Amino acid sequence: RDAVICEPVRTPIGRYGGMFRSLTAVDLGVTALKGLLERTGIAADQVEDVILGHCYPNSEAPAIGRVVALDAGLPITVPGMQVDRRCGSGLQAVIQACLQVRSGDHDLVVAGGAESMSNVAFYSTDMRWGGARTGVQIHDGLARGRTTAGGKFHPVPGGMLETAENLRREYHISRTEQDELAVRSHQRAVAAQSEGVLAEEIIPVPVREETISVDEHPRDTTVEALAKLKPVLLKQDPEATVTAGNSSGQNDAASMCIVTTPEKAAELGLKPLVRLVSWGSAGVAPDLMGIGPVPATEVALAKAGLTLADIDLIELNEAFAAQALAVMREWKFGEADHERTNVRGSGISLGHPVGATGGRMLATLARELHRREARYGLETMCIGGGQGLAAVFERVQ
């Protein structure tokens, strides 16, 4: 039996240190979850699991899906969990949920993600047994993660950014093209804001006293202003092109959806948007992580009996413009194809709040697939440490 997605939602996405800084990852999750149930009218006891992608957990919220369910006020009956496959964790939660559903184990579950990058921890592995002989190192969680993902044999001191630079180098990607992609990202996000489509996606968030519905970071952005910015690794390398302007930031948000059967959705009065056709996962070289989408997509299209040409709409994460352009090069893109890809924006304009990112992409794909009455959508992303995840979704009718 099929697995279908209903009411995929998100909060607004805040900047690191910005709008949502007073809010925990849990507060955002709850807000997204309350909104999901509130829009749906679903009885709390209908939810059989809450599965949440969450990339920077600590003991403030163990097994974060369960904490988020309780905090949202669902009954003690409702189980929950946390998953991490990096930048792909949101999609992963979704995939797990569909698997749990299709099997016939569960009829309805929640799949989501939450990240508060603003409030990620600083930690020490030196204070337990003492620093009397070694000193004390305290690591920023965001910063350390950037270099450790590849493990011991594939270190990257320059982190995520260094991977993109490698890509720009390997594909001869001009700075201009990169800045250009970014503009589109902003124009599209902004266009979406004012065309009213975004309200469909968003649960507004109350901050102790006002309520927020608009994503903080999308902006007036021109190729000319972007040309001005100084790349991060210019001193390390003089041919750098990656800047804050052409790359996604660090952000706060949550994403929620319902994963259910068509039969169950009909009973609960729900309106399913897509069903999951297939998915694929891949490993790639960690220093080349930005390319993980290509092998993963290939696997997914094959499982689907599908071709990329067959595909109506694409959500490809814009971790770095350079990274995205490289996948698009491999996909042999034509100026039209940029029509069907990232239509409402992406990481660069929106933000990249890592756990919630897969959800955001889904909310946009599925809903947009509806608005267009289009058949197939692709969701795919690169993963820090050398991974890729992709999923194929089909509109319901």
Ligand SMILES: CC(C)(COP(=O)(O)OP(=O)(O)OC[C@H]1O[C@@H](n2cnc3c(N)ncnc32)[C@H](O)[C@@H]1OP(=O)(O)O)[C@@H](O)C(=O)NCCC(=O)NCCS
The other form holds:
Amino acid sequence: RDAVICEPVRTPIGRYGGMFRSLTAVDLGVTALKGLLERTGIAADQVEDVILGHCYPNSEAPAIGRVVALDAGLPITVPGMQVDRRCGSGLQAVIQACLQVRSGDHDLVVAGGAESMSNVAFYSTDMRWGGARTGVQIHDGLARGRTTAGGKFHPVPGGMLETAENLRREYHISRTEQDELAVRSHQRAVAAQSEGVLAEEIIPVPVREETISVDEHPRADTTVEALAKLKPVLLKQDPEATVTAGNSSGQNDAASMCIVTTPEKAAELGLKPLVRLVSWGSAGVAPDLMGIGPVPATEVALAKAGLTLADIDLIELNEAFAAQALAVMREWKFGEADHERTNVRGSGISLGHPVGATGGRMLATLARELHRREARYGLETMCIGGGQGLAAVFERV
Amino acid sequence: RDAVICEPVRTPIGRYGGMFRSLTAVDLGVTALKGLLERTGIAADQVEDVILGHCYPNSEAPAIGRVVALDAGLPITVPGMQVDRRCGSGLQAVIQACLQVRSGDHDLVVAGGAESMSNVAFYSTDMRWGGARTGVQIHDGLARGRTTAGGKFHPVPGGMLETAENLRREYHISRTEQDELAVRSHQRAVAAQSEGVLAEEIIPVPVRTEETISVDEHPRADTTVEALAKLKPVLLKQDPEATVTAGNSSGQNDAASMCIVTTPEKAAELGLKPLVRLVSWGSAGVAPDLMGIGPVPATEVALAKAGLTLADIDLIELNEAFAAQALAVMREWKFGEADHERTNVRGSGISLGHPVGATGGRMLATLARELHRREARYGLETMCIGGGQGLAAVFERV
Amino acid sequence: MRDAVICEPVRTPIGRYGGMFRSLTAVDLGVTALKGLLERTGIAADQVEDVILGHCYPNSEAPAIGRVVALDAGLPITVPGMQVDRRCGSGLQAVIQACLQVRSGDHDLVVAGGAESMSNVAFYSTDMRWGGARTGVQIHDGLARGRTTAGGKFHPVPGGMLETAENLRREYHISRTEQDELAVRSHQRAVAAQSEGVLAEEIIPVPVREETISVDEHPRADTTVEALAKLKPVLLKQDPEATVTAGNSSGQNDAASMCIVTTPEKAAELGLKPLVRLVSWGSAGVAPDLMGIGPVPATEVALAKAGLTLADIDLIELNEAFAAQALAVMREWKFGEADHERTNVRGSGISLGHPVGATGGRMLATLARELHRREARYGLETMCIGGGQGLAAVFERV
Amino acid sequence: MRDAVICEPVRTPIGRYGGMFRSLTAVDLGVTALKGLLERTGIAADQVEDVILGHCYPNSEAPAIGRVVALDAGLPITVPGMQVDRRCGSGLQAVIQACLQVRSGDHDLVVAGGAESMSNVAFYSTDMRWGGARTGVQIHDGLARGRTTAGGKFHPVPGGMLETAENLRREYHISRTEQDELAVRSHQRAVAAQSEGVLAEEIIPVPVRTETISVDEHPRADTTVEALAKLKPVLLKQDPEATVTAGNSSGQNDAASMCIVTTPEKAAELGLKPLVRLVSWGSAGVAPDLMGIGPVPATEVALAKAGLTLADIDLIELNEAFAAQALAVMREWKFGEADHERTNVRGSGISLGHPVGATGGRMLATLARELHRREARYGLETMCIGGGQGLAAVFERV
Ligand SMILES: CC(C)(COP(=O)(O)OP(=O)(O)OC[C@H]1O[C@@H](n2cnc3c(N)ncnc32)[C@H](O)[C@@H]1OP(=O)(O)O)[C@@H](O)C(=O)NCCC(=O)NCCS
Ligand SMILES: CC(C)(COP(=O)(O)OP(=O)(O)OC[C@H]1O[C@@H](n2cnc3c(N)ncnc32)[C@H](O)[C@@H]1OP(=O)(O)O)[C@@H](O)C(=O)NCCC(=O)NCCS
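Show the form deposited with this ligand bound, please, because up to now only the form solved without this ligand has appeared in this conversation.
To see the whole picture, the full complex is given below, headed by that same chain.
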């Protein structure tokens, strides 16, 4: 049977240390989930699982989907869990939810994600048995995880930015090419804001009191010349570095939720199914070239769906970094026109990259922009730390 | 198409701060995975995904399945990921493996779990912005996580054990019977050791001294009801009628479980020996203060979908999180004495240990291998889940 | 048996907690005050026989910090130095120590001083060397933690210093209005002293990267009784009648203090101009939860030693650890509204701040300088001390 | 003015770092030693007027530690106390301070001592107060970190005090054997003193949980040049010609020392037996990288003040932080093999350990008591000081 996506929503995306620095991952997740049940008006015991992507879990919220479920007031009968495939986690939680709906096990599930990167822990694996001999280390959960993701034989000291410079260097991507993508990314998001199509995805959030409904990172005044004045983060290590804060996705706080269900049950509950899952694909690449993950994964998803990238009307590619994104679009042999059907309400550079919540944000816009365009096929894909890719093909209902 | 389970193996299980204490969660999973491929002889490019249950992740190993894959020397073409549903995470990882294999998306994946409770980090949410005004609290991941799993509206200061006491209380469960179970638990494990059946199950783990360890660290031959009665209930100081001790509780432990999830065709094509196939599974939400009873609704869901009853099930694995917890489920299953002879035949949580993430894969290793050994048909694996859940799968022999 | 006289007592400005000197260390600040003291006086660095520094939150960044400040300020390697701790009374303790060492003949000229960077005081743990497996791990704020442990296992004070302030508030029936009035008056005197130009006489301007700072950051031109009334007591939750706030407490701050201690003969030999001499000093112990009354017996000891009474005393620096604390002390002294006219005349801990190690030398700089402008005779410096102590000293104008 | 005599100088046994007193804090040790001293002297607790303790790794578990040891030992709340640090000379410094303020007529009886738990020195961070997102967060071992900071930023020494020992080995052309011979001799005197029952008057035995300990952990009767010859010089990777090993180095250790400082009259009135009086003392600064030669200029200062020469000293205590270091001092002292028999007759830093803050009162224990046992006249106590200082006292038999 088919699994359709209904009402994919998200909180606004906050900056790192910004408007949402007060709220936990659970706080953001609860808000998106209650917001979701509010719009759909569906009984809480219609929900058979809350599966969330969450890339920096800690014991503040074990098996977070169940915690977000209980903290949103859902009955104790609603199960929940946590998944982590880095950047892809949110799509992973949607694909899993589709698998257990299409298989007949479940009729309705919540698939989503929650990340508060402002509150990702520092931690130590040296404090339990003694730091006498070894010394004690305390790691920044964000930084550390970005050098360790490829395992001990595959380290990347400079993390995700080092990988983005790897691609820049491999693919001869100019610094101007990267700042150009960055500015245009901001335009789309600012345009989408003013057009009012973002109120359709966004579950506003109350903070200690004010209620925020706009995203924190997109800037109206962003320009190419302005971006030119920024320092490439790894410029010391690399005279030919290009990747800066301006052409990189930021760190951010958000949550994302959607209903995954069947057409019959959606009809029964008065829901409006936007898209259905067609195919998906997962790929592994070299950790130091992670950014090219979207190419082998997209291949597999398209192949499964018997389509070509030519058959795809709309694309969500996350853009962890301009350089990375440009490397994927180069493989895809893209023209200027293709740019007009890719990330048309923004991307990670302009909207931010609240990692576990990013998969569900691309889904919100992809699903929604498809119905308003009355287009047919949609592709969602993302590079993944440690060297993976993930792509799903969605079809409008 | 079916999803079948091949060569499910595990490490030995070390105690907390014990023999595998210098070994990380990745170390243990790499050993287990490397052992799986060595026995099965499959080319490493045949693996399409490594899905691991892993309950105290940190940035020493993000999306851990991927890291285990790489550190085992698997092609960088092999994806992997990490799942958390507390105790039920090793089976969760299996079920997910079955779903994406039965769906036709994949022909072969690895499902397992990995836990080093010995090396679970200490963490703080106060260092990023500074403790100038608030101070800096550092939490024990193990200790903190027993409080939080039910959220802010369903508080449990004493965690899973406090809920194990609640079951003793609501179910009228005596310490004697609790300790009688633990005793039974050790000599089924200790039996199963001398009978040499753990041999098929276990990937011997080499440690620098260099020795190879191949026997589980917690089982004890000299366990008796009398010796256990001497044990102080952990929550005695708050509770007069308290019964739950270290002796009828599962410990904190270090291990990894690995398993091949594929189709009957692919396994024939690779010379594999499928043991069980997935018949059904179920998940259930219960009260966070009474988590222990989670297997009961979950099992009925799994049984319902299968078209079976608990009579149809010949072999049972229940993780014995606590004796009281386990007895309460068996009391709900209206269990008798002969029912015990089909339940937990190589030991369980109290004797073998409970390395949370790897537990669903130990139970699977036993269920599948013992079903085959006895030429029994149906097996049931089920487990209570911190926070108040239950998961259960029904497996059928091939 | 010679006299001990004090020459050119100076200090840095006093920065706010997390304020204008946050990127500077206890040593940086001490190096500035010392270089300024040598630069004004012109004393040859190899005339300095010891650099004795009161310093309340030492760590291994700067061991025996008087030595480190001496070295980092460019003094020869022949100049010895050390660190002393008696909490708030450390800066005075270091002067009293210098006086003893000079009156005896062992030395002729030393530097006595203090240095605190509360902005940069460490967080620490005594659980991580051998592990928190069995105990758990704490990370302690050296500020907050030191304030509850100061009185030992038999006299713990969970609410720290603020708690002791409240205790003095209750015992002496001290109103919020009163404490807020003292504080307002404290800022007034500081802000005026500043406007009148007298504070620049004490101050060594500090280079901070790039500018030069020469003005105390903590005082406020705009303090009112009405503004103060708005503030919520730190301990209001614990105690409905709590009165101690941010506004009527001393601040946590960054500064350093230094002065020459030498003999009359020696000052004369180098053509230095002594400001005051040590008449007497006393120290005393009180209940740790009543430390704040420490100055009362310490003063009585110092007076009796000196054959004086508080009526012989033209000027008083009594550190305002807390308005509730300063008011209690004066109550034991039975103070007039007129008596405030001779007490803390350019401000104190509440308005200028309380860089704990350095505060003793701040009070001395004021006291000694202001004894000359009024052409008074006797001055008293005294301080309550966490853990329940007091220190007092009588200085006489030369 | 009046004289100052040292009564009943005692210590705890000295424990190895991570050794027998690992479980005890510096306060635990300071209390043990202070109670010992109080019970042995029968003095009334309210007769102590100040507890001045050398303490070289203070943290907020025990602020102004003299007062915490005072209160936790059961002294009245009326007894003041403090902490001093001049690194390795810290415990002598406390004696000298106590002396100054008895001779001044200020106090009639104070306690001077030192206390170190190097087993439990804290881990600390300057990176947790204002946040670590842009810098990261580091946490330092207080011991390891102190190895490089004592000399400030203009006189770096990467390998700390050990490197310093190598520098004195290099410049004085001191052989590995000569070094190791001293170590052996250090150990024989230690063990010999145990057998002769002479230590039983220095030592206050220390109860530890699950028994009473009375004997130092580090001496070993079996020490030989041969055994020592096998050890690898700590810094051989950098220096092909290194000599300094764990065997001819002084160690990291745990102990407290206490003694009484009073007048001759007060002693008599209280039944005390005055052992010695402090003739004079001297301090000095030397180049940080030539740290261990500190005792050479400080001894000459102290001897000069006393009107004595090094010939006039019957007993020398020299803390031997390293063999190479001690020997360089002895060389400058023009020692002959006969001079070795009046120097450190019960062991030294190498055989008993170097519990930094308590070393001073250990040397003082042995020096006072061996001057009475030998019917001699003048003792010299001197030690080098990390950071590049020297400190010495000359005492006289009463
Ligand atoms: C983007 C990132 C590099 C930023 O790091 P950062 O140093 O915190 O950067 P900031 O946002 O503080 O920006 C630095 C400055 O650039 C400024 N800036 C941004 N756009 C600008 C423009 N057009 N002109 C001028 N300045 C600009 C910011 O305002 C900021 O200004 P300030 O320093 O004056 O306040 C980092 O957040 C990041 O990308 N990491 C997460 C993503 C990642 O590593 N990988 C995950 C994907 S796999
Ligand atoms: C009292 C104490 C807890 C203050 O906490 P803090 O929040 O870090 O200090 P702050 O400077 O931020 O003051 C807090 C608030 O009170 C306000 N405030 C302080 N003094 C004020 C005054 N005279 N008038 C009006 N408002 C004032 C501040 O503006 C601030 O408000 P804000 O948050 O809106 O900016 C801390 O300074 C303390 O412990 N002091 C005692 C130090 C001590 O024990 N010394 C040893 C003596 S034994």
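Residue numbers count along the first chain shown, from 1. Only residues modelled in both forms are compared. The term rigid core refers to the most C-alpha atoms you can superpose between the two forms while keeping them within 1.5 Å.
Student: Considering only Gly196, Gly135, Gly269, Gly151, which residue exhibits a C-alpha shift of no less than 2 Å between these two forms, with the rigid core used for superposition?
Tutor: Comparing the C-alpha positions, the one residue that moves 2 Å or more is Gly135.
Student: Please give the CA displacement of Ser124 between these two forms, in Å, after core superposition.
Tutor: Superposing on the rigid core gives a C-alpha shift of 1.0 Å for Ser124.
Student: Superpose the two forms on the rigid core, then give the C-alpha shift of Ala296 between these two forms in Å.
Tutor: With the cores aligned, its C-alpha sits 0.2 Å away.
Student: Superposing on the core, what residue ranges of at least 3 consecutive positions move by 2 angstroms or more in Cα between these two forms?
Tutor: Core-superposed, just one run shifting 2 Å or more comes out: 130-135.
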